[PDB]
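Since the structure of chain 8 is already known, use the hints to place chains 3 and Z with the ligands on it.
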Amino acid sequence: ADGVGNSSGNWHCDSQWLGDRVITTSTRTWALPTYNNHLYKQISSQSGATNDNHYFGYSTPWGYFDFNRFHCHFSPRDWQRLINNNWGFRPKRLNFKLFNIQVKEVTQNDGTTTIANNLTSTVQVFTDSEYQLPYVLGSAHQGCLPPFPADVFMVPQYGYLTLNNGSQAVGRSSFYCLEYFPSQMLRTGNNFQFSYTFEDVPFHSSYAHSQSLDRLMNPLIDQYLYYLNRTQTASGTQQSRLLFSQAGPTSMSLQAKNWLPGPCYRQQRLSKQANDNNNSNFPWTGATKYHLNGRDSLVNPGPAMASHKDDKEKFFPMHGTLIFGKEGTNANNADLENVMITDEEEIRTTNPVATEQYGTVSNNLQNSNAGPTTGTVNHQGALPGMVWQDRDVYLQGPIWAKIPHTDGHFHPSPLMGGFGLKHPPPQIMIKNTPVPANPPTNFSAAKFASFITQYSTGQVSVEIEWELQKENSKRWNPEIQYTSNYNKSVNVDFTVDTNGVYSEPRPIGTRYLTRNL
Amino acid sequence: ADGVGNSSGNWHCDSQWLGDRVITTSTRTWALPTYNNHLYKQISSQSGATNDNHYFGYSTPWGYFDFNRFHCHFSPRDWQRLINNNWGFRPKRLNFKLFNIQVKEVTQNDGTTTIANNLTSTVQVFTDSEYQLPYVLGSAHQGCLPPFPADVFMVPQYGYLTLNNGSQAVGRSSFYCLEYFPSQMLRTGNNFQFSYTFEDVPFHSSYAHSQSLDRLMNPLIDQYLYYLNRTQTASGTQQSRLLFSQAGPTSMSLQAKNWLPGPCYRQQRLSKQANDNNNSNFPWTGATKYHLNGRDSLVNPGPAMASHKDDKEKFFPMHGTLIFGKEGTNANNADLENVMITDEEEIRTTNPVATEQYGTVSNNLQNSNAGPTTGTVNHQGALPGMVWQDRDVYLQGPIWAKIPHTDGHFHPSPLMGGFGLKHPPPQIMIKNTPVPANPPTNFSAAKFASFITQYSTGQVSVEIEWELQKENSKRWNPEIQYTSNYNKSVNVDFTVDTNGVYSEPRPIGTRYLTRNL
Amino acid sequence: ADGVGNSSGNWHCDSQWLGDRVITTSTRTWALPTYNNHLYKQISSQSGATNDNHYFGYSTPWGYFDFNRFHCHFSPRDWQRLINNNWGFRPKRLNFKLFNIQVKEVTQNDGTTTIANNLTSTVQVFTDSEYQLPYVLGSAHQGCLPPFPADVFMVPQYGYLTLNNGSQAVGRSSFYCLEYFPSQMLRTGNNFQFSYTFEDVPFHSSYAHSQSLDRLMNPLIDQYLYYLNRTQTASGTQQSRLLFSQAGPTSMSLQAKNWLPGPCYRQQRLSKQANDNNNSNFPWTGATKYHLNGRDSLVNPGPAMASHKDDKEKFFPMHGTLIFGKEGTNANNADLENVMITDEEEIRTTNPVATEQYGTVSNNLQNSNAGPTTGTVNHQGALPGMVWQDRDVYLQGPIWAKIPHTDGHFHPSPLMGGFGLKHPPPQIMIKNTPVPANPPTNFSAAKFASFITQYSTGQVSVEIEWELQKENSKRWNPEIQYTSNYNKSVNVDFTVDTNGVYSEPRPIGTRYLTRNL
Ligand SMILES: Nc1ncnc2c1ncn2[C@H]1C[C@H](O)[C@@H](COP(=O)(O)O)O1
Ligand SMILES: Nc1ncnc2c1ncn2[C@H]1C[C@H](O)[C@@H](COP(=O)(O)O)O1
Ligand SMILES: Nc1ncnc2c1ncn2[C@H]1C[C@H](O)[C@@H](COP(=O)(O)O)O1
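Residue numbers (the entry's author numbering), protein chains in the order written: chain 8, 217 to 733; chain 3, 217 to 733; chain Z, 217 to 733.
These are computed hints drawn from the structure, not numbers from a lab.
What you were told as hints is all true, and nothing was included just to trick you.
One copy or any two copies: either way a pair holds, since identical chains are not told apart in the list.
The calculated DSSO-like cross-link candidates involving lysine-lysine, where the alpha carbons are at most 30 Å apart (straight line), are:
1) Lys-525 to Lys-638
2) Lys-257 to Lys-542
3) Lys-618 to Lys-686
4) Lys-525 to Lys-542
5) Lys-505 to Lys-638
6) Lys-663 to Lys-618
7) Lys-663 to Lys-320
8) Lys-638 to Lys-308
9) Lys-257 to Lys-690
10) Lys-488 to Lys-525
11) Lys-686 to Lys-638
12) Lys-308 to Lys-690
13) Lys-618 to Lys-473
14) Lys-505 to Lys-704
15) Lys-525 to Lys-257
So that you can see chain 8 by itself, here it is in the shape it has in the complex:
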């Protein structure tokens, strides 16, 4: 209830730190085109694609808003405060607003374009509260709010996939008409709002451990539990004998322990230094992949596993980490120097190394005649007594994902990162209401193909309230912090360049502060 000449909202970008919680707000400007001429179209993989790449689905005229990346809600400085001072954080509740809507009509005459306000035109917005539509958010697609507030972004088109057989469609394939959901219709002067409250979810670990999993022992004291030291006599004629000893400071690897490392599903190892890697093409052939319904699919990034062992910085697991492009990077065949490869190194203390075997097991029964042989375990599922760390969340990266609705889920934490949610923040859908062009003067029952070309722009605000977990540590010596380099440079990190382009030089994980196991 405003009208043409009254702004329907204000610009709120600030972040405020209450010290129990942080409330981060982001207001951005957006532009929504008219997708595929107001038409639902089915889409399917082109025949000739490999079996693994077939798909069947539907593309819709609707757009949608996704804030699911962290840097939407945090400036690099606000991110620094969080990761430096806190052991954990989780989202509590969010608030969403659309305001200052403008709908522009576009005419094209000869080689000139003309844009004019359409004051009576309408835009449609609905949030899906009941999760009745396919949920495309957690797939780490582009189209999220820009990192830098002054940027204007384009609203991505909404489309979804369903069951397929080859490129065809089985009878269970669902078709969803989004025009079948009650949606609010807005003009210039109308605004949209809703609130949301996150369900209870474990704090993310903002900490790295100060202890290895196998080192929890007291280094001074000797155990009371014996282990088998010798299966053979030490001196004289070699003879079979069983000899036992108490494990202690000198040999730690031999002691009894209460816990096991997290589950492993092994990765191939790549070398950053050129010419060290094998010469052959094996992203697909030599990879680790899961076979689902006759289709192979990479395991990416996969179960959380340390990227590299001690003193091996150069190597990284193939398809085992999140990779981010630097500004201006091609979407096809970018060089290693252009991408930013994240590192899981903090989880060494519990999780296995992604490129190394889980361990070793005995594959036979020995006797006097047959010597003991042992097999190598390259994949291990959960065993009683395992402990593990989840993959780290970055400044740019998924905040949440929707736990698929199924009978069973095991440790439902998104494998890209973030907060697994059964009821994730709803999908906000938006489209431009069709405006017909001049109808014929004699009735025809054919459907209109003739529409006025138009688009809409506006403002969007997202306010999320994040709960914090403070550092209680008694650690004497100084902890690692995330710091900016003091040395001079042509450009400042996390800042626009001479041409106005915002860029993020490096990925920033959240794990700096240290805790004990």
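Just chains 3 and Z with the ligands now, kept in the frame of chain 8:
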């Protein structure tokens, strides 16, 4: 009381199932042109048309809204729920809204068109509550709301017919000026609404019978009523004698029965297989037709009668069923493969077969000299003790019709299908108020032929509340349900194609669940 | 709550006349066997039967009680009181009881049978209130309570028919397990009861008319309406001329009249005198029949139509009347003297004669050249202004029938006779609970084929309250009454013979008293 910049309504398309009742809402976008230059014109059949095809009437600038098809209010899934779980349904009350009106003015300069908002222009809407205008709704014309919500449709022009003699007009011919009815005038920011309540009407049968009409007997037990078994001696010299017997399980056709099949008016039989039908042109000549005021008219589809007898799927009665076109079908001379021919087969148990005689009667009085002869009854009116089923309603098909106001009506159920109503949902009329172009500067009493070319678009919502009748059956074995084929296919049924075109592959009747007679 | 040694009910057979209403009670003794070894079996027509006689269905172990014949509730004297003194009667409410149950176990050793009380054995009884089972009552099957109270009858087996194609079964065929309905289980000392209330139903006509339909005129006075007396000049050279006259006492057939006779569907005429009928076999071939779903079925007895015209007592319509056998009559090929053929003669005044045409209509358009020709109408459906009488109810004959549940019914009065009911008196089902014989001593999952042979007997009471409509007539002269012949005879009518066999010598209609139209 809104203004230019406030939307006058919201988009509500949903359906909600309360389990006693279902409330189905449909919101669509429409475009209304300017019909025949704001002029009432009389229309009449061109001389040279056959006597049967003459007409006389009037075409009006007004448009109108018709939701009278089912699929307007039901998605194919909502239709599946209804027909599978319910023995009957009837409409209770509806609610209608027009909102977000836009009036566009169109100029044409050289080969370029230009469309701009006319903010002060008006649209006129009135509902006819008192049924004072001719009622054109129940005639199964095009122009109803589209099946699929995302489509935009064109509002059909309103015109009506009255008495004629040849192509001329008798003095009783009525002329109705719709500009003579109080109507509401709306600008952008004004909206229109009314409510309606259906009169008590019999539930439609959503069921098929589990028994034939002639099989209601107990198959185990023998009757106490005798019938005439033999008019002649069984053995020896043939002699006239009357012999009686009790009819029983062995011969059921001979038993006494309390009820008769529904009335029959016979149809010609056609074969779907090419070359089986006769070679000659007889849609008109060999048809079944009623002769009214010197004009022949087909009986279409006609009294409800079963389409075919047992084990004769290929044949169908000529002009005896509803026929729907598949998407993209020509309106002229479409092949049998393009049309969708509905089937009345469920009513075999009571109604006669449309292509078969009603029965046989005796045309003489026998004696010893004259043997009994008997005539064939090809048409039968109501006899005491008849029972019959009404024609089935489809997903696309008439919901209601207006029972003509007359002294007498017999079983006033529309012969196309649906709910006969004495006070059907009113007609909603709409037109664009004329806007003159620049008048001359010297007074002339001639009428304006000079108008600003313009059209209007907007939004329309229809909310109907349907009452349901639940299945009480004790049937042990599983009932037939309407199911989608599981096998894979290029396209999914009841879904858009690659080019964005919504299509309905087959007509869906409501009769699946079974009841006893 | 009685036990072995307490009778659970008393014998009430009396009838009592309150003069507004009559309350007739009937108590009888019954015996229920074990039908088809406790098994549901499907039953179907044997292949080789004619198309018309095919059926498909199920036979159940359950029995049932049917009182639907009149003489169950009325003695011949109570029937005489009713039909003589009353213009109409209809049922109001009934009350039903089962009591004094006895279950007997039967062993057979060599050629000797032994019957002993099983005190712990159970019988199952349920009434179907919701009409969920097939309703087999109105089909005029045997098994009703005997006419004469001292007789003991056997409870008939319950089985039902459903859709068939040939002798096979279409997927819509319903199977009903009666063991799926909550039923009361009784031992000796338990009794069963329920009450029922008939829905409002028209009084049956107990009267015959004192006037013909075409004679309602004043015989003294001449009409003011002219009719066409002469189409040709009376004298001189014959010339076309139209001459009109007022119809009056001399010619009554020519007068204008307000009403038409009831609808006719014509019957073949048979002669009771031997050798007068044609010599050939035509019960099936020369009959009147309705064709339903590719099967012919006789119309029996058919729409109510007078049996014979004035002074033609000997002839009767073929399949047009109810026929009852005299005591001791064969069920196959009984002679004309053994059967009792009912007569509809009372309805002459309105209904057409079953063996005569309805009338005559003109089949062409005359001119000077073409003389008028006219067709004969052998079948007529309802026309505005028709009046008709329903078929008469006899002392032995159907009381009611269930109006099939369908969309439309026309004058739903059973064509055998009686009271059409949408909610007829419920079906009372009964069976003997299975008692296994000694099981094997080692578990086997096969079903028991081994049962203790047993049957049950007991008492059944039916009390119906009938409402009466008194004679108001001013008729001066004495009306016909139903009287017993005074002349002496070897046996008395409606009485046992020397051998103890009750017999009914003649059918007794209810129409004696006369009313005006
Ligand atoms: N990311 C995520 N989302 C939801 N549930 C999770 C997740 N990770 C683990 N779990 C499950 C399994 C943990 O033992 C438990 C901790 O819940 P607590 O709240 O700590 O009592 O919740
Ligand atoms: N379609 C339709 N509309 C209106 N009236 C109809 C229709 N079909 C039948 N009838 C009439 C004739 C029925 O016997 C009666 C049932 O009304 P009931 O409500 O079941 O008591 O109503
Ligand atoms: N046998 C039978 N059962 C049910 N309905 C019937 C029957 N015969 C006729 N009718 C219908 C048609 C009559 O015009 C009306 C009289 O109902 P009234 O009660 O007299 O107002 O009821």
